[PDB]
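Q: Listed below are the residues making up each chain.
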Amino acid sequence: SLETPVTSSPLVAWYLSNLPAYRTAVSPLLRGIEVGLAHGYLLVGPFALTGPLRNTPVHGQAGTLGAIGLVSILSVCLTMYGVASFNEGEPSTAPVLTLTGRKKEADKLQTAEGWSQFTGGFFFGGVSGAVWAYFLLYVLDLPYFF
Amino acid sequence: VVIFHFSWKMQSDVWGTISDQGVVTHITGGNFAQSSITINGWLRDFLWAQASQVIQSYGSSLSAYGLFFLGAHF
Amino acid sequence: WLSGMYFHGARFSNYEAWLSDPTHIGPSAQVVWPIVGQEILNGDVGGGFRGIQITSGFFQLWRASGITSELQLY
Amino acid sequence: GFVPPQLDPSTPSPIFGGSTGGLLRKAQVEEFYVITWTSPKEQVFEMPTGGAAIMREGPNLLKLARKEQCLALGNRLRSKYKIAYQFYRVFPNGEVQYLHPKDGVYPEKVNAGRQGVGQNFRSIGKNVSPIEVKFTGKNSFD
Amino acid sequence: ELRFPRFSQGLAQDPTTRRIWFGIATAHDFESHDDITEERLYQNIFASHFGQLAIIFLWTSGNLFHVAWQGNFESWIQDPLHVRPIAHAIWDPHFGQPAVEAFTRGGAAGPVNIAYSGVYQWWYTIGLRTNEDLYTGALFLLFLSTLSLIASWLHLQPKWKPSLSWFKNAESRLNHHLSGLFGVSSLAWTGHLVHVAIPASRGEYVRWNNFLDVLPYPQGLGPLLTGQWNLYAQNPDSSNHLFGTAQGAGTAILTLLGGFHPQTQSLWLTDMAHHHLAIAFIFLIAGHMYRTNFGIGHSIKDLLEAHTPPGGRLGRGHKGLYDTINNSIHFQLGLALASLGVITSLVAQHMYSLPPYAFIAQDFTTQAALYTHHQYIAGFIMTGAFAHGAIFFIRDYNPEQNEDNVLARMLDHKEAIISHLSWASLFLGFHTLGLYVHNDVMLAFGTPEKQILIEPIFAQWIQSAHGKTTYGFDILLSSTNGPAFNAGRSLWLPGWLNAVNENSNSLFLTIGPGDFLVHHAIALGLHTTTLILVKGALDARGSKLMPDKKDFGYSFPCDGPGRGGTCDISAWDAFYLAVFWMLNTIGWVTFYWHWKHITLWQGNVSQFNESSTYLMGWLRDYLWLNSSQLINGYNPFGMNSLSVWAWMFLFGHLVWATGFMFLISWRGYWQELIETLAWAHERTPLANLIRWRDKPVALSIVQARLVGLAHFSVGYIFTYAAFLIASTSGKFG
Amino acid sequence: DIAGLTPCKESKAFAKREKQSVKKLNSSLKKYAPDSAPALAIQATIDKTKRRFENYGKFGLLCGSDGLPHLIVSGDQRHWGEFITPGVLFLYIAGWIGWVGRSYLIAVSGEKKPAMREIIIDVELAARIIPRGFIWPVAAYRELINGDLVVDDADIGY
Amino acid sequence: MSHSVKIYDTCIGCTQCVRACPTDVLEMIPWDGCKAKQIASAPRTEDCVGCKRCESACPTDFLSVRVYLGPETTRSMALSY
Ligand code: CLA
Ligand SMILES: CC1=C(/C=C/C(C)=C/C=C/C(C)=C/C=C/C=C(C)/C=C/C=C(C)/C=C/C2=C(C)CCCC2(C)C)C(C)(C)CCC1
Ligand SMILES: CC1=C(/C=C/C(C)=C\C=C\C(C)=C\C=C\C=C(C)/C=C/C=C(C)/C=C/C2=C(C)CCCC2(C)C)C(C)(C)CCC1
Ligand code: SF4
Ligand code: SF4
Ligand code: SF4
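Chains as they are written, first to last, in this note's numbering: chain A, 962 to 1107; chain B, 238 to 311; chain C, 35 to 108; chain D, 15 to 156; chain E, 299 to 1031; chain F, 24 to 181; chain G, -11 to 69.
Just so you know, these hints were derived from the structure itself, not from any lab.
Beta carbons: idealized from backbone N, C-alpha and C, even for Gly.
Careful, some of the hints might be misleading.
What the hints assert, rightly or not - Below, computed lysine to any residue pairings styled on SDA-like, alpha-carbon distance capped at 25 Å:
{"hint": "1", "chain 1": "D", "residue 1": "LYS40", "chain 2": "D", "residue 2": "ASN107"}
{"hint": "2", "chain 1": "D", "residue 1": "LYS152", "chain 2": "E", "residue 2": "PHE320"}
{"hint": "3", "chain 1": "F", "residue 1": "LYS35", "chain 2": "F", "residue 2": "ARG101"}
{"hint": "4", "chain 1": "D", "residue 1": "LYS40", "chain 2": "G", "residue 2": "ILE17"}
{"hint": "5", "chain 1": "F", "residue 1": "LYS47", "chain 2": "C", "residue 2": "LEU36"}
{"hint": "6", "chain 1": "D", "residue 1": "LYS96", "chain 2": "D", "residue 2": "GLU122"}
{"hint": "7", "chain 1": "D", "residue 1": "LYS116", "chain 2": "G", "residue 2": "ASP49"}
{"hint": "8", "chain 1": "D", "residue 1": "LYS140", "chain 2": "E", "residue 2": "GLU701"}
{"hint": "9", "chain 1": "D", "residue 1": "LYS148", "chain 2": "E", "residue 2": "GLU698"}
{"hint": "10", "chain 1": "E", "residue 1": "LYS993", "chain 2": "E", "residue 2": "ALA955"}
{"hint": "11", "chain 1": "D", "residue 1": "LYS96", "chain 2": "D", "residue 2": "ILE68"}
{"hint": "12", "chain 1": "A", "residue 1": "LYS1065", "chain 2": "E", "residue 2": "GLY770"}
{"hint": "13", "chain 1": "D", "residue 1": "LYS96", "chain 2": "D", "residue 2": "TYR120"}
{"hint": "14", "chain 1": "A", "residue 1": "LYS1065", "chain 2": "A", "residue 2": "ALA1055"}
{"hint": "15", "chain 1": "E", "residue 1": "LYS617", "chain 2": "E", "residue 2": "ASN591"}
{"hint": "16", "chain 1": "E", "residue 1": "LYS748", "chain 2": "C", "residue 2": "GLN72"}
{"hint": "17", "chain 1": "E", "residue 1": "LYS993", "chain 2": "D", "residue 2": "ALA126"}
{"hint": "18", "chain 1": "E", "residue 1": "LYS842", "chain 2": "E", "residue 2": "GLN927"}
{"hint": "19", "chain 1": "F", "residue 1": "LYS46", "chain 2": "E", "residue 2": "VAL739"}
{"hint": "20", "chain 1": "F", "residue 1": "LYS32", "chain 2": "E", "residue 2": "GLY770"}
{"hint": "21", "chain 1": "D", "residue 1": "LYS77", "chain 2": "D", "residue 2": "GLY127"}
{"hint": "22", "chain 1": "D", "residue 1": "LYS152", "chain 2": "E", "residue 2": "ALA310"}
As the list claims (entries may be wrong) - Chain G is faced by these chain D residues, among others (derived, beta-carbon under 7 Å):
{"hint": "23", "residue": "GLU71"}
{"hint": "24", "residue": "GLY72"}
{"hint": "25", "residue": "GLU82"}
{"hint": "26", "residue": "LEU85"}
{"hint": "27", "residue": "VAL124"}
{"hint": "28", "residue": "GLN133"}
{"hint": "29", "residue": "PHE135"}
Using the sequences and the hints given, assemble the complete structure.
A: This is the structure in structure tokens:
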């Protein structure tokens, strides 16, 4: 295989290894809720500002509830993918070898029950992130443009 | 699509006639910026409308341009 | 091909009349034989001429190069 | 059958930068292939899945995804430089299987010892109509 | 099986995604499943028929209920010519205020669209009057659907599983159907015509309460017992009649007139009553031919045996056909599809000539929609017929059980048949295209008199014989010496002639040269589509290109690129290549009919007759102009009621185009592209964690052909349907 | 008068079409010199279409309700100068061509590789075979009489 | 067993298929039914990819080796991913 500076470099491997989807030294549920709150803070912006009620004083709650609904749909999709692909007592399929070659313990994140914890965490985190973006966009809302 | 765009843009923003006083009345009336943004518009404003002169062309000098308009399709 | 073009400009065009005033005289450089009813093809192009109107755009060139005489085309 | 396999060892690989024609998830989960040959001299040859690379002296070892590519490269090596070769299959359990010659002599020519798997001793027109065999497992060509 | 699908083990071992695809196409199929036998196949057929009937019944129940809950029937009675119908209420959370504006029409309290399916004239002709009637009918139909599903369940348990013998008992089945399903049904329909329908039209509300006392006649039930049956035709309704009440209405309940009711511009009720009372007894008698359990009657095998023209010009003749038909379903299905397609075409061709329902020949939109609907359905069924015939040849035809019989006698000279069909196609095509191009040119120069214009003299004489007078031929039924006319002048000819000679009606349209040319083009389409299908049928067993094709099953990709290349050689591929021409021919027919009627309604048939003989005339007067009301459905200045159609119109001209994407670009391209995409998604961070379950693989070749044809058909139907509705809704004339 | 179609020796819409055509032609004519060769050809076409209208008003052409000729192919030889005689003439021509081609091919079949003479015609043999057209009705006739026109069970190869 | 190969006694033992078999399926075996005393054989139909190039070569009357199609698998589909 080819190894360009993109796919192989100190800083890029460092960054990708630091984000929650690969730091196996944390419980999978916590990585799930972290990515969930990340995407929750993420999606509220355009959905609210450019929604079909933007010219209305309700556009805030509208966009936020829409974001929450999308988060719920995607959590449903996550659970469905997990129950489809992950069996309930069978082993894991996560990369158990690092770059050097340290034989890694099978990532509990890549297990049926682990994927379930991940899904629940992601859903709760998305809800929290959406409501937090709402409370920070329509109460304490001076230094922004919207 | 490039040549269609060119034809419409020219006949809607550049080409046309100039009055004695200096008022411009373009060949198509300058409806590009308000009817190029709907495919249904492309049908109505440009494709259908500006296809008249080829279809009434029978019994005139331009009648040859009419005949091909069918064989081309055929 | 170039020779055929220049010939048809020489012996079968209204090029001199077109040079007289090019504002409202349609460049025509092709006539059709009156055999099968296609006389209508030789439509009205102005300048006392009848012929299939052209759009090749040779006439602007022949006016740029100062041809201005059928002997030169010939 | 005095035609034993050779139990493909771990010998050096051809000199090649490594590129986007290598193995994928499939090779790491289901199966892959390894072709092996001895070379007469360091020359240049186009790999099946992109570009060209050089071989070394002695035995070689190339890995690939599907058997078709291995056999295509082997036919190229047999028609371009007149050298013999084998290729082996591998399973993630650790098994190794010996596939192509099955005796050492090419399947191109006759070598008694091979069985007769899949013959029908009748011309093609003698096959029967599906109605005569419907609602059964059998088919006309069986 | 260990996984979906449960009917074919061979598929379940396909880790490629095409599994799911072929896990849908080959579900209803029964031969190809694993561990399937004869009687099981028949019981499955039975359950499936019950399911289909359940579906149909739920569909019609929904129709009735929706009209009853949001329709207009009740207040539509009061003026069937100034209040548009209503289909169902709109609830669309994507509208803007002007949308809600331009949809609340016909006198409703919200956005509603206009019911065009003609269900109002149907439910009004029989005589229904109130929403409560529709509620009762909907409840009855829903209960019937539930009952049919109950049957679909019951007949798949023991103590009720019918043995294959019971299915094979063809004589008893046929006698039952021709006796009960046809005869008694017609008699019951005459009953509903003569106990509710006619008195209702005469203003007497009879229902499931009062029909015990009201007689269908002042002294009925005893004039027929008297034997002098004329007492049932004494007093019919007068020709100055109010279809809603008994003004000028008589007391006769069975007549024979032959004319059109003046007000309703349709058929009298008594005509249909008499016709059905006739057909009932016709079928009832006809259904007593075939021996079932009493030694009397006939054995169909005896009939098919006893036929052999002396001298053996047919050879062994029909010997053995009985078994090679009663042993294969696909033959029966081919016959059924053929006959059903023909009678559907017939229904289409008559329902615009003799308007059956009261006040239907006025809502022109409805007439055009119904005609086009029925014609396209007939075309599709006709294609399916030859498809399943070729399937019968591929799968169930036995050679030795049919030695020298007429069936095996067909195959021996398939070449002559295919050649002659190709000859008819070439002749019709060449000459119909020549004449068109000649007329086109001779008008392009300004000489409309030099054109070629043939007179449809044959059809004109036929019309003359039927009774048309404007041609002045003075032939049968137009002359007073012919025995027929002189024996008809007292039975039907008054009203029949009053109708056919009249012009404002739709029966027996005058015809000029354009109609001749269009009829010839239609015959071209017919013959060439027949050629495609028959070639697919006869050459299915095998030609010199692949004589052993009969061992490859019905639908296969191909037989290799060598020996000349063998793309599109399956008989499935023949049906494929025929569907195109089927759509084309039906489109031509509907074009002709729609232009003719859209000229007749505006009273300017002259324009049709003048400028319908040169193709540019069709592209100008028929498409260009008549589409101008549509393409301006929505513009930057707002929208209109026509919006949907305009939108839908474009939708067509899109889906159709997408079909091309599948008919041109074949697999290998997309296969390599999927390879690249797979590597990409595999080596991408944050996504390599998410794995796939079915290896992505581009669709198969026959699957391609199929989905491409589906796209083509969907676009080519949506486009023309939306245009046909809009062009006559924007004008209603 | 078949179905009421009067001949435009007597109808009116024909005269109206003729009048309008010659009128637009004449109005076009008055934009040049009365002697210019284009104007001369214009007047020539004017009189040509005029005499065309005249000829049509000479041969019993039953004529539509809109001012257009309309053929009568019903079989009555009264109006036969449209289909019957031109039909049999074209049938004669087509039989000519078919028979001459068939005879050429049957002749040249007897060679080493007839394809070389099917791509590159034996123009000498072609010239001495071609004018036989005057025999195509009768000759083929005798063929069918002697059964030397068709075959029974020889299908492939030859 | 995914696809299926069949060989018929019109085999003239010319050995074009094997030379053109892409994935080492066929071979020859000693027979007595032609001059070359050799007939085809398909003991390796697993790796039978399904391309007709084999029977696109057999220069016999109609054919002598047929390639009947059947269900699919991971190797009968040229999958590499
Ligand atoms: C003189 C040669 C000749 C003759 C006698 C025939 C005779 C026939 N052809 Mg035919 N054909 C020919 C040449 C000929 N063909 C050629 C060259 C072609 C390829 C373009 C075809 C293509 C063709 C098709 C596709 C079909 C026929 C069919 C038929 C039969 C019905 C007539 C028809 O539909 O034709 C229609 C007329 C034509 C197709 C025009 C072809 C005639 C060519 C132009 C004449 C060639 C003359 C020669 C090459 C020039 C050399 C002159 C000389 C000095 C050597 C009939 C047996 C049909 C059939 O099967 O009927 C059962 C049918 O479907 N033919
Ligand atoms: C493939 C196949 C198939 C199918 C086939 C088909 C599909 C066919 C069709 C066919 C058809 C589709 C036919 C049609 C026919 C028609 C007809 C036959 C008609 C008739 C008519 C008549 C007879 C009429 C008469 C009359 C007149 C003329 C008018 C007046 C009245 C009267 C009545 C007198 C099957 C499955 C079997 C199998 C084998 C193969
Ligand atoms: C413009 C163009 C061009 C060209 C073109 C050309 C050169 C041509 C075309 C052409 C065409 C586009 C054509 C079309 C056609 C169509 C059709 C449709 C046709 C038809 C025909 C016919 C129909 C015929 C018939 C006949 C005759 C006459 C002879 C023989 C016999 C018969 C009868 C068959 C160029 C390159 C410059 C540039 C680009 C574009
Ligand atoms: S296209 Fe389909 S059929 Fe034609 S060659 Fe390629 S594969 Fe064989
Ligand atoms: S399919 Fe035909 S070609 Fe491909 S391998 Fe099997 S035999 Fe050789
Ligand atoms: S099929 Fe053709 S190639 Fe294969 S063995 Fe028989 S002869 Fe040799």
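Q: Run every hint past the structure and note whether it holds.
A: Going down the list of hints, with the structure as the test:
1. D:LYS40 with D:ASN107: 14 Å, holds
2. D:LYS152 with E:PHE320: Cα-Cα ~22 Å, so holds.
3. F:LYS35 with F:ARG101: 23 Å, holds
4. D:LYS40 with G:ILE17: Judged against 25 Å, a Cα distance of about 35 Å means the pair is violated.
5. F:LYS47 with C:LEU36: Distance ~38 Å between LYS47 (chain F) and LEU36 (chain C) Cα, so the pair is violated.
6. D:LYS96 with D:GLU122: Given that 25 Å is the threshold and the Cα spacing comes to 15 Å, the pair holds.
7. D:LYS116 with G:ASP49: 32 Å, violated
8. D:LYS140 with E:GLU701: 18 Å, holds
9. D:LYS148 with E:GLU698: 16 Å, holds
10. E:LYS993 with E:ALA955: Violated, at roughly 29 Å.
11. D:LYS96 with D:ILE68: 17 Å, holds
12. A:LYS1065 with E:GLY770: 101 Å, violated
13. D:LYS96 with D:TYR120: Distance ~13 Å between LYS96 (chain D) and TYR120 (chain D) Cα, so the pair holds.
14. A:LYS1065 with A:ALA1055: 9 Å, holds
15. E:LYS617 with E:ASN591: Given that 25 Å is the threshold and the Cα spacing comes to 24 Å, the pair holds.
16. E:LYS748 with C:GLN72: With a Cα-Cα distance of about 14 Å, the restraint between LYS748 (chain E) and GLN72 (chain C) holds, given a limit of 25 Å.
17. E:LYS993 with D:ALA126: Roughly 41 Å between the alpha carbons, so the hint for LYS993 (chain E) and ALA126 (chain D) is violated.
18. E:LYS842 with E:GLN927: Since the Cα atoms of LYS842 (chain E) and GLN927 (chain E) sit roughly 55 Å apart, the hinted pair is violated (cutoff 25 Å).
19. F:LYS46 with E:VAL739: Holds - the C-alpha atoms of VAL739 (chain E) and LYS46 (chain F) are around 22 Å apart, at most 25 Å.
20. F:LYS32 with E:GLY770: 21 Å, holds
21. D:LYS77 with D:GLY127: 30 Å, violated
22. D:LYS152 with E:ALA310: 20 Å, holds
23. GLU71: 27 Å, violated
24. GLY72: This hint is violated: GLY72 (chain D) lies away from chain G, its Cβ roughly 25 Å from the closest one there, beyond 7 Å.
25. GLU82: Hint on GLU82 (chain D): holds, closest Cβ of chain G at ~5 Å, below 7 Å.
26. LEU85: 6 Å, holds
27. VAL124: Status holds, d = 5 Å.
28. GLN133: 6 Å, holds
29. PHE135: 5 Å, holds
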